[PDB]
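One chain comes next, on its own, written as structure tokens: the form deposited in one PDB entry.
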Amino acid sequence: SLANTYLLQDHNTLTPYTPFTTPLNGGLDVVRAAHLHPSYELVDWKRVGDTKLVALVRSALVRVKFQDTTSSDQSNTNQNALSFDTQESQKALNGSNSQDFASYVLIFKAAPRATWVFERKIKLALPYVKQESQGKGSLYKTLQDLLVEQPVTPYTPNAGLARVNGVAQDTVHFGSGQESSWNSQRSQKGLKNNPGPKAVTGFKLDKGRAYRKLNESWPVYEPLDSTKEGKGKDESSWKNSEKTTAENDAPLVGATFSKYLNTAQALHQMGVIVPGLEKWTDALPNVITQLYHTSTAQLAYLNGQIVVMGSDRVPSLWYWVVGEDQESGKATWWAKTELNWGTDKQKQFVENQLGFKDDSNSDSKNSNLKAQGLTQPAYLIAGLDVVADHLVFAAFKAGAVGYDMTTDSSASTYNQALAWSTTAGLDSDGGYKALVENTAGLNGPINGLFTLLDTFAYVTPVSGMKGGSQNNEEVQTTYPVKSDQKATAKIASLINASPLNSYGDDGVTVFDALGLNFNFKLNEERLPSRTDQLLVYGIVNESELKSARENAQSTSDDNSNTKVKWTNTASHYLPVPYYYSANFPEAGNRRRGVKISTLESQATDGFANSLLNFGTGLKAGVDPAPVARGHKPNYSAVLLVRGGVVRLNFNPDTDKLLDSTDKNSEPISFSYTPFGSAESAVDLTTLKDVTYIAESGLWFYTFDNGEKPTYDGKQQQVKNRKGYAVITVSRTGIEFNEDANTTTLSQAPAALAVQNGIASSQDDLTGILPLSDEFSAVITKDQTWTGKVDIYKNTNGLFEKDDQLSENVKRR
């Protein structure tokens, strides 16, 4: 209809466009209309029905503090350790009312002449964590020792991710010089039939990319090679000397860049508060402040409830479930949200690598998440959407491992993180379930280089119940802590700003990230990792969401260790395409080794690395095609990852994940289809919009080149920050209840991503208007007052410019 309007964003303004391609009015300035400070920036917004508009706003002036010490042994005992630093926020203002500059969810009501009236704002309060005095699991204790990696920027090179390998597990349990007694004593050490004495226990934290505490700050600088430069977790060495070294080597615009990169503009673009680079040398604000600012990134509205989640480029430790009626709402911790990983074994894999837990240990400095009875703490959120009165989400599991707190300089695992490869053994039984439930690396390391005669492999040739001479015994695995040190061990928690648990500069980590581990069977099957490059997805109902709100609103008391249970979720191993790397290795050759530092990236999808996977643009959609009599209409959610499109399938009759009877069959709820060279050329970090067209059942992914950082790591102006590209996602394969007898599905219904024909490298995009099923308008800026309008003909998701109408709509 002509009376219909399309809402388009321009920074803080949402302008209504008519099907004549012209704006109806000056648009709604979300920040000005909500009576908010100029520092507020519109992050996300959703039109709800026809009379509602929900917006998400954040300010670069927000300051967060974590109270670590926990003085006396009484006090208020019910005060949150997490609070907004009003004094620092006022300090930052200096470069008229006192405010914390907290993020808000804004509610607007429709008004005549296609206008919006401000209704109310809901404050996104910090999650709750009780300040102790006690120095029953403690999240407070974990947060005191928690280390978070500096965010991975699009300019982070492969060698920058590479960390020197940790100590072998034979050295850990037998000590230097006594490693030779492995075969005879492994049995009495909880390592019966373990064939990997040389399996790496983790990665060195003395050098490389910064790991910082909640109240510490990440540097703007990052090393080119983490095996050679950087100070890792060593904040003192950075502050005292290495800061000035990086400052001289990598200065900001206004100087060889031989050791470090200045990624200031890349961080600002990721939603990291970089003072002096905001719209309206100084160290960046706290890790805790950066985590708050980045966590208020994406929203969804579901029957009076608003859900807010973090960004896809920085890990988030919490999420919001707030009432529309409420004035404010505290966040729910991800560590207190137990998800279904597919199998109980799959949960065990993630949770066992979180840290060390033993009945004999009760040391307060062994503060890791596992010891505190907490679950997976962080996620790299691909997005969230609502469909059939349910919330659908997808995220990559951020790497969360343990680290040794020891002061003993000569200790085996001193100054190192404890992480290992969890790839299923070469001898795993067939089928999806047998592979994911394979015991290889369940409790500790096992994988490494195994030289079978003159053919190598980076995975164990024996696992599960295929050990011993008779191949019937258990191949045991145990945590990398020496038996005598179990009672006195001090393992804390560490969060990686990527889907990787281990950064160990070795072949096994390369094989695990690139999905290069395959069994030596004619029916060749890819061996899955149960900790690296893990995509987490699911459907969540109102009662599951209500539990998350209730868990957030609980103040210390007796529900401090109570967990939220989302059972209709799953996890899937989703590595980066190996072909994104120029020199990808292959197991089974003739010796001819490729580690992280020697891996060469040939990726053109907006990342200097070819190691870490990334997920963006989750959008749900109800299939327009008719289904069989007595069955609900099908719905799926799609998202873009490095190398292809992933489709998530659900059962509409139960509002659960799409499942089948057979366990040998791959899950029909998950599908990954690799996209072509043309779509691999698209910068996935520049996604500006995702739209689903109900009538056609097609998703449209809009990419804006203006979303790129202004300067690269070597402080050079970024090439092609002009233009746009559009990808169309369509359904493929047999659908659920497609016909009368379609009961169970053998194959997972897939998606297909293609560059549709709407592309340019010379103009700034205002937006795209779906004028009809057959036509679409592409609004552009250059200096154009009315905005340059291009008309395209829609041929089932494929587009071709109409020169006749494009000129006609242009010419004055």
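We call the rigid core the largest set of C-alpha positions that still match within 1.5 Å between the two forms. Positions refer to the first chain, counted from 1. Compared with the form deposited in another entry:
Once the cores line up, the CA of residue 798 ends up 2 angstroms or more apart between the two forms.
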Second form
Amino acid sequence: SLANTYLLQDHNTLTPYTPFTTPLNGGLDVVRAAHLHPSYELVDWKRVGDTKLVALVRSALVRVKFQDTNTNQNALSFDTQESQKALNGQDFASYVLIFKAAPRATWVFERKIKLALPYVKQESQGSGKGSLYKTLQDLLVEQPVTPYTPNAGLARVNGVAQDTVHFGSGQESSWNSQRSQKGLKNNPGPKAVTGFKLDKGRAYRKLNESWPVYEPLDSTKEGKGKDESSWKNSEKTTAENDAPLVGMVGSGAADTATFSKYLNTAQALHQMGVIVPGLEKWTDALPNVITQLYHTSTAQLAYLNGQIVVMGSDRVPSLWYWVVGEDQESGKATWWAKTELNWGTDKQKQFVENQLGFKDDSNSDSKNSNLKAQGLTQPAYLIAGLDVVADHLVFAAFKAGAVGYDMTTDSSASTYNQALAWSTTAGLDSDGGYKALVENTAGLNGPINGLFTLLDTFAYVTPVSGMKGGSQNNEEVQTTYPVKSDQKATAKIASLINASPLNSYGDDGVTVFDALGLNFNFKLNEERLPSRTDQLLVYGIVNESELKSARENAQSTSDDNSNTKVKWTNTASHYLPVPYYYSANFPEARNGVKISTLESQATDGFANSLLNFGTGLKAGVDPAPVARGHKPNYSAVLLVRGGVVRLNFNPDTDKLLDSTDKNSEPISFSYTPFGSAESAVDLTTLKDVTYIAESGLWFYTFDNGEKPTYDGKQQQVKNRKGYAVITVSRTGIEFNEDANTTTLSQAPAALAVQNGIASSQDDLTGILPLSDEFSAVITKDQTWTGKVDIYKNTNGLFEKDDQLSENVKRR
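Having seen the form deposited in one PDB entry, could you now give me the structure of the form deposited in another entry?
All you get below is the one chain by itself.
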């Protein structure tokens, strides 16, 4: 219509635009309308129906604190003292703002909702069963992955082999003769890696420790890992001297600088939503991990009939999400370590949980604080998005790597100073079909994969798995957690989390093969063998009752219900590796390849070709003709590294669209690799996602300005000016297209294309989809803001309309 207005953001302002391409007023400054502090930033907003507008705001002054040596007191709190200290040179919590429509365009503020810290029960032998508190006390979170992190930066030294673990050094000879009784019966991999060393490399910090701005170029050579003591005492200076910020003897405004040991990524971190004091627009250390965790956690929202869901960023792992009511004043976050998801099958759930840490009935140690031991599920996610459709919430995220680590004081120990993680790729001998493949026992309870020299060829997966061991081939192929039998009651395994969807950073081929999807069986109609811990995509459909249950849980003050979990049944997991061709080694349009030797040819806005990232989840109802009295079809689409994924749902059941067949690949998931041109689009710069109800199309708008100011080698970023638009469109046979279209053999897919709306010249304001044929690109750069350029769609391909753009341009 003409009456319809398109809203567009610019920092904290939301300006209404008409189809004449002109704005109705100077917009709504969400912060100043809410009577909020000037250090506030608007992070997400949604125009609920015709008269409501919900928004999300956060502050870089927020300061969080965790206590580790009274009654119903929470161990997690806001530190208003530090929040005040930052101001020079209340709690500044995040808020959900509700607005009501008024005369002309304009909005009127209606209320504010505080997103309070999640609850955790504090213990004290000087004041007054699974403990999330113990976990947190020894929880080591990785320093965030930047777009400037090279492949060798991820490359951590491999851990010890499992034959050394169970037999000791010098007694490995007796593997085959004693595997049967040591719980490794028919296990063919004695040389299987237990994990990776935490002695050096990229930073791993405790909940009250801080991540540094500097990062290793190669974690086999430099970095200090979890060793905060050594960094602070000697390596801090080395790092500072190697990678100082722009202005060496000229920073004061409030063997010298080689960049061969570290990369200074202060600029990249800032944009990721990480608080970097000094780089504030609205040397000194960064705020503690728990603070950045709260700040980066309040990034995305949705609205479902008086209920606001708030999830975290797609760039930093999130441990908690809010389910606040429109009526409430505040509201605590719900722990992900307490939100149990259906991973498709019990075995798929097991794979993940089993790697969370060490649990045995002989062990009752407090120092053994890992999530598995505290009976807690998967803690962290890299949330791609959430969207509301047909009175249901849909979401997608990449499961972040959450492993166990050895806390032992004993420096002569096998698993001393290392993280415990192993490959979970299905055996070469796996039975055929999807169900058969995901439920394969290879690496379920412990390591099994490594280099196997099958004839005149190599294989990084086990050639014997499941119920195929022994001479007769009917025996069990066994697997066990890397902790020696006699060392079980004494074991001190804490919990560790990576800022990526991988479990092991072990500098080997097996990891590279798991992350790139290169493990395949030797069948005629060759099937790819999947991982059940590395590069996993979690997605699903939740209802109001599941969300209420997630809210009630968060408001609980631990008590007797302290070990009660949230069960989201209509979710699923899917192995989503990065394209192998993104690396220069294996493009398909020496002594083996390890993480550190893996050269990248990725153009998608990352210095690596090892880690997967997911962004812009958007639902959308198919405008196609409806079947014989059936509900209209709807799907969700998202952009991952290398292609578009489409999540399909049964409208009738309001559940994930299933086929009732175990062998066939799931019809609720589809992945289509996109072309060379769309692989050239920087995915970290996604400004907006938009679905056109009438054309059944998704429009992903990317803005170059969202790129950092300087790279790791402290040089100004190129192509900062410009924008690019991608169109996603439905493809294939649709659920109930005709009468006999009962159950579909294939899954309905999507197609990502750079439709032609692109520039590398001006600063984008936004794109107003005028009609199915014409769209205007509104650009600033010039004095006043508003250049306007009309683009016409020709068979799905945009071309600038010289005539029309020249027309609208005269004031």
